[PDB]
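Note that one protein chain of the assembly has been removed; the remaining protein chains are unaltered in position.
Chain lettering (A, B and C) follows the sequence in which the chains are written, and residue indices restart at 1 in each chain.
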Amino acid sequence: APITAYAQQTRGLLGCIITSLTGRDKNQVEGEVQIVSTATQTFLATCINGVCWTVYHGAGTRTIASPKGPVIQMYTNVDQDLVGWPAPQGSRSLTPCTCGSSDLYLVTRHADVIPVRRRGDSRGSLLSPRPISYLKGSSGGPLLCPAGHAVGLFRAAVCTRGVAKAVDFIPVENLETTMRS
Amino acid sequence: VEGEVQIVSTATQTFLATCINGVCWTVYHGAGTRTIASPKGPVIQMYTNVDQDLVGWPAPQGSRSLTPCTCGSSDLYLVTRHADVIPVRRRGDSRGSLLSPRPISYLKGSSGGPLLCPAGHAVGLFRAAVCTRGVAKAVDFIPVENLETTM
Amino acid sequence: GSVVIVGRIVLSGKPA
Partner (left out) sequence: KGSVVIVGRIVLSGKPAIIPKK
């Protein structure tokens, strides 16, 4: 079966704000990727192997609102731009990519999977370029291989006059590394 | 929710339609020049192409359009009218071999359905089954490129 | 006669 995804919004601005302050979220969780927001931005967090990961430059060192109040980060790596929290009760976790693979697929905040060709250990060309706006808000999102296993997490856009041609990502290896740090 | 694949039927047969890039595509061998029904009355086909066995009206209500393949993978997946996914190896522009042959009735009513690539993107439209003794071992289809030119 | 849509299929499985 092919990679397919769908999005669902679980709360709006006002609920998000309250939940951010109180740190107590009691909403049910489902899925591998969680759409996440701070008071400054929205990005994504991918659950890989029981751990909910995201881009440090988005999460900073903040805690994640949970049904039991705030939850401190398990992992924090400023240099590899990673932060990890225990995967929220209810989420399903992806597993790292076995057998490398050159054909990657970026899952966006809008639940679109777009082809990406690996051009190195941390960069891939967009088979079909898209405006930077399209990629906005999907940092921390997963880069999948044809099997649905996480290869990396979206970090940066290689923009050219408002259009992203390539994308920089953090390889799953860096996760495993960050974990033993 | 919105679906990309519609399960349509004429007085004589039931088949499928796939909305790609704004148009609800299906096989000429099932619809012909028939119109698609709607709350406002019947709507005429935007395209017809007997040579390609392709026809398409404007996308219905409660539908969403598929995106054409841009990776060009040959590891396809067929979606039947029962929503089963069948992996298919692309042998050619309009040909593909099932990765596991199925009885002929397993691919029935699926004409017009989509043939997706690993990314769930449209690679083509299921045109017909190439069976042997009643076992569908391969599939025939209308690549999206044709729909892209026709439109 | 007209082609009638008798059902729909969401490829992502979205129940929402």
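Just so we're on the same page, contacts are C-beta pairs under 8 Å (C-beta built on N, C-alpha and C of every residue); 3 or more make two chains touch, one makes a residue touch a chain.
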item: Interface partners of the hidden chain - shown chains only, full complex considered; value: A, B, C
item: Candidate in contact with the missing chain, chosen from A:64, A:114 or A:167; value: A:64
item: Absent-chain interface as seen on chain A, which is shown; value: 1, 3-12, 16, 19-21, 23, 25, 27, 29-39, 42, 44-45, 54, 59-60, 62-65, 70, 88, 92, 94, 107, 109, 111, 141, 144, 148
item: Hidden partner chain, residues of chain C it touches; value: 7-15
item: Hidden partner chain, residues of chain B it touches; value: 1, 3, 7, 62, 79, 82-85
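In this text, only the chains that are shown with their structure count from here on.
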item: More contacts between chains, B-C or A-B; value: B-C
item: Between chain A and chain B, centroid-to-centroid distance (C-alpha), Å; value: 33
item: Rounded Å distance between chain B and chain C, as computed from the means of their C-alpha atoms; value: 13
item: Multi-chain contact residues (two or more partners), chain B; value: 116, 120
item: Touching two or more other chains - residue numbers and ranges from chain C; value: 10-12, 14, 16
